[PDB]
Every structure is written in structure tokens, then in C-alpha cells.
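Shown here is one chain on its own, the form solved without this ligand, set out as C-alpha cells.
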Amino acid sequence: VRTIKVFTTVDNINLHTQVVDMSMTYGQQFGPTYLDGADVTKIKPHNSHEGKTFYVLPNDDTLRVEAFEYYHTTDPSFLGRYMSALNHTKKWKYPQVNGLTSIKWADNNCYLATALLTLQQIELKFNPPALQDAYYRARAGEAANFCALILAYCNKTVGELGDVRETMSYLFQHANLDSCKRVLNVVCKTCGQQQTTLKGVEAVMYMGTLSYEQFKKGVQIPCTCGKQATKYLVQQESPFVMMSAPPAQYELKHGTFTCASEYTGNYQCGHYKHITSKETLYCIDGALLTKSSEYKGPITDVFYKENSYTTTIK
């Protein structure tokens, strides 16, 4: 009986020394097993594997607890989906563009590039250690883990077409946004006034208008009565807001917004670009960079810096 020593892990924080029988597969000994993302379940140990870290599914109570504390999910399929995706995302290129980690276009990843660029520019704190750790590695240029985690947390596979808004909405579920608050007032000529308070994700996201200033002045929405009513923002407590709408021609003015998602196409096939306001307006399109003083284009999401707003409407 010849053997080597390897580490197994669910989180790559807590390594568990194992003695492996070189006659048997990794699958026979540990169950499903991954080496740097590669499925080695059906492979036999090699002498070069001495002292290397393998990922395994949480198949015991110690590991289930470690996995839950790192990823904040009990979904048994999660590690398999993370590893499947990582196997592809570790072959992507992560260009530095304008001081930010982007992604070179591959596998319809334009929505992930736009999400990743947005996350580097808004004040957001992840709860799962897995996302905290992977985000700091992405800020440093190696975003492969962060991208694979986003794909796993969103239940998306590499190659699938994606929506920036739908993606930020899953990521915001795993962010600490508990002390974010929004107060709206709706005015109908028929039904009268209605004041609502929103907490967490619903307090930082709005679908129907790109303009934060228009949301403060009032926007037309269908009432339940069938008339148009006016919704306006009474109070906002959050480090940012995301205003979204089906894509339309829109003017972005330097200094009036943090960043935005341009989308060219239809629901079914399209391409995202990212626009950011610095000393001028930069358009980051994967690896490709352009700049201009002004932008007019099909915008679907705009991000605004915020702290505390109270309306002056009485």
C-alpha cells in the first residue's frame, strides 16, 4: 500500500490532512473531488499531488458547518456549480481599465463585466466570507473566483445570457443593506395619497425610471384604479441607489451619476457596456476603452451616490 498526504477543504480556509491510497480513485475515498476547479473524482492520485488542496462536498457535520459559515447557503449543488464555473472563469482575462478590473469578452460575460465594474464603484459590504474574500482578489486583478461565485449564487452557468439588474438583485440579497430605508408617497386624483416605507434591497432598487432627479420630483405610474398616479421620493437612507428601466435613448451628464449600464439589442440577444463618470465620461466595453465629454445611448441602469435625502415637498 503506497500513500500520499493531501489536504481536503470546502472553503480553502480550513485544510484537513488526509492519507490517500494511490490504488483507489479520489471519488472512492472522498466522494466528488476537485483540484483547482478540475473534477478529479474518476482520477487516481499522482505523486505530484503530495501536499495539494482538493475541494470535496460537505459529506459530514464538520464540513457542512464550515461550508455554511463561508458561503451562507445549504444548497448541496452549490460547490459543484462554483467549481464547474471556476473551471471556465480561471481561463478569462481580467484587464485593468481606468484603474478597475474588467473582463475580456467571452461566453456572453458582458453582464458580469458590467456588474463587476459597478461593484468596484459603489459602497457595499458582502456578508458571506466567500464573497468578501473573492471580491478583494477581484479588486487586485484576479476576479475568476468572484465571477464563479456570482454565477453559482445566481444559479447561472457560464455561456448563459444575463441581466445586470437581476444579477445585482441576487448579490444585494447577500450584502448588508439592512439599515437602508426608502419612503415613497403616491398621489392619485381618484384614490388619494399612499405613503410606503421600504427596507433593504427594495430600498436601493427602482424599475421604471433612470433619473434620480425625476424620482424626487415625481414619476407617472399606473394606479390600481386604472388612472395614472404620481410617485415621488420622500426620504432615502443608503450609500447608493440603482435606477433601472427598459433600455431607451438617454443623456448621461459628467458629474451627475456614478456609473451606468448601456444595453444594445433586444431582450433575446444584446451587448452591455459600462459608462463611468470620472474627470470625464469613460465607456468600458470589456478590454476596450473610449472617452467623451458627453454620452447619448440606450441606458438600462444608472447608479447614484447617496447618504441621506429628505424631500422639501409638504
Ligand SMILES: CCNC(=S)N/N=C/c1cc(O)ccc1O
Given for the second form:
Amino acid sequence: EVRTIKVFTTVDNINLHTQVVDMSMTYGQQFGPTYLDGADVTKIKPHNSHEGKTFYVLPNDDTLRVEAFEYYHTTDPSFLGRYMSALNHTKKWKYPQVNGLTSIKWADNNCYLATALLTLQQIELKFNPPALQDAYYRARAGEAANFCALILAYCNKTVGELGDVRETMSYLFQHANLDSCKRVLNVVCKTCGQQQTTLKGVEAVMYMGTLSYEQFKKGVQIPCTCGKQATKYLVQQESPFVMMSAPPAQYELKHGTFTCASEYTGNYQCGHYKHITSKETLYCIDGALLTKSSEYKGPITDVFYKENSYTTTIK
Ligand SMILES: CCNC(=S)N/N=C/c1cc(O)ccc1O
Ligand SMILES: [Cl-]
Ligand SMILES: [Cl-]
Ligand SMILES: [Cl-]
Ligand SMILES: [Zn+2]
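For comparison with the form solved without this ligand, kindly provide the form deposited with this ligand bound.
Every component of the complex follows; first up is the chain already shown.
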């Protein structure tokens, strides 16, 4: 007896492609690698309950290649498999609302993803890939499973891997519209003189070396090629936020002097992030957990500040 069902294949879960599948054969034999809401059904034969359902496949014809690139803005061949594999886990995570923001209950070392997600909801940022636009919209509303899986895929992290918040934000920033952002810096060595530099996009909003936006404006000491120590300070800044980062060190966060920050406790190969946000008071969101304090001191590695336009006074 020949037995078939109709299903739909997709790469973006919007554009559907009608298929007829033979119930005596696996999905793999008919589509190649096949997924049902994240689950790998490649080695599985069609079930009656599969009729009418949407299955993800890999882009193995030109029409799917174009749909996938337009939706995700990547042509990494392993992207979709990595996204599905992550999603099969992130759809089981919980996404509690904590002080008005979508967080993530701790699981699978995802603390770095929680503080990244919490941070995104406090800074002005638009993603370019439609996949991130759509998934971020849902994540804000509370259904963050697809967004978290996409973050993992874009950053080439698997569920359970330890992540770095700064690196994760770098990847997300690459897929955001920061074209308007501009940074002008000046480096002063007393043996070589001055030298001014201009940064754009992602490099205009990220700095590594100090957590303090004010100290960045006043000046910070760095090496120079002659062996002398030079001073770098901020000449001009155009962006809706800035991100200051440093290796984790004890730091004091004051209410109303910053938007949010990331705290890291542990070592290089093992640790835990928490999120601090400055609202009517200082709230520490640790996944599903919430505490408050008027003052805060702890090992801070990233601090986020609001900005529109800043011009320096140093002549
Ligand atoms: C450079 C050769 N590939 C082309 S033009 N399409 N591939 C697209 C594509 C492939 C993936 O694995 C994931 C997402 C995608 O958008
Ligand atoms: Cl089966
Ligand atoms: Cl899991
Ligand atoms: Cl967006
Ligand atoms: Zn010099």
C-alpha cells in the first residue's frame, strides 16, 4: 500500500513549500536533515499527525538559499542545524518577567544570555536580519526561546557552553544598525605628540580597558611604541548608548550614573554572571531571582551608559 501525507518545508517558518512524503521512508531520505520545531526528525518516518505541519530543512536549492540568506544574513552551512539544536533546548527554558523585563530562569550555563537579553531591553538597538527582528519582538513579549537559540547560533555557542557577555554583545551589535554611531579619540604621548582616531559602528560604542565613562572622558593611560605611557580620552561621541568593559574587578555602581551592568563571579573557565539595573533603586536580576540595594559593589565587567551626543572640553 503506498501511503503519503502532505507537509510543508521551510527555512524561515514564513515561506512554505508544499511537499508530498512517502510514509515508508524517513524524512532524511526525502529532504536531507529535517527538523520539527527544533527536534531532529531526519531518521524518523512520517506520522499521521505530521500532515499539514511545517518542517525546517537545509537550503538545498536556490530558492531556499535566497530565502535563508534574506532571513538570517548568513551562509554558514551549519547555521540552521545549530539554530534548531539550540532551539530544542531553549524552548524548554523558562522566561519569567522580572521587574518588567524578560529574563531567563537559570539552566545550561545561560546566565550570560540572560544578562545580554536583559541589557538589550534597556538600550536602543534595531537588528538588521529579519530573523532577529522577529525573534526579538517575541522575546520582549516573553517568548524568547527563538531569540536565545538564534543568539547561540550567531555566536557559535552550543547550549551549555560558557559564554562571554562582551563577545556576545559584539556579535549582536554586528547584526544591528549602528551605522550612525561615531567616536573620536585622541592619544597623547609626550615623546611622539598627539594622534587622533575615528571609529564607526560597533567599534564606536564598545571600549575595553575601563568601566567608567567619566574616566574615559578625562583620560586613561595606555602603552605607546617608544615605551612611554600615553593618555587616551574621548573627543566626541554620537550614539544612543555606550558599552564600557574591562576584566572583572571590584567596582562600585552608583544609582543614576549608569543604565545597567554585568557582574562576573568566578574564574576564566568557570563563573556566573548577574545583571544590575539602575531604576528607582539598584536591582540585581540573577535569572529568575531579584534583590535590590541602594549601593552596589562587586566584580563588574561591563557597564552600559545612555548617550546622544557628547563633545569634550580638553583643548
Ligand atoms: C554562499 C552560499 N550560500 C547561499 S548563497 N545561501 N545560503 C544561505 C544560508 C545557508 C545557511 O546554512 C544558513 C542560512 C542561509 O541564509
Ligand atoms: Cl519512525
Ligand atoms: Cl535544556
Ligand atoms: Cl529589532
Ligand atoms: Zn610615544
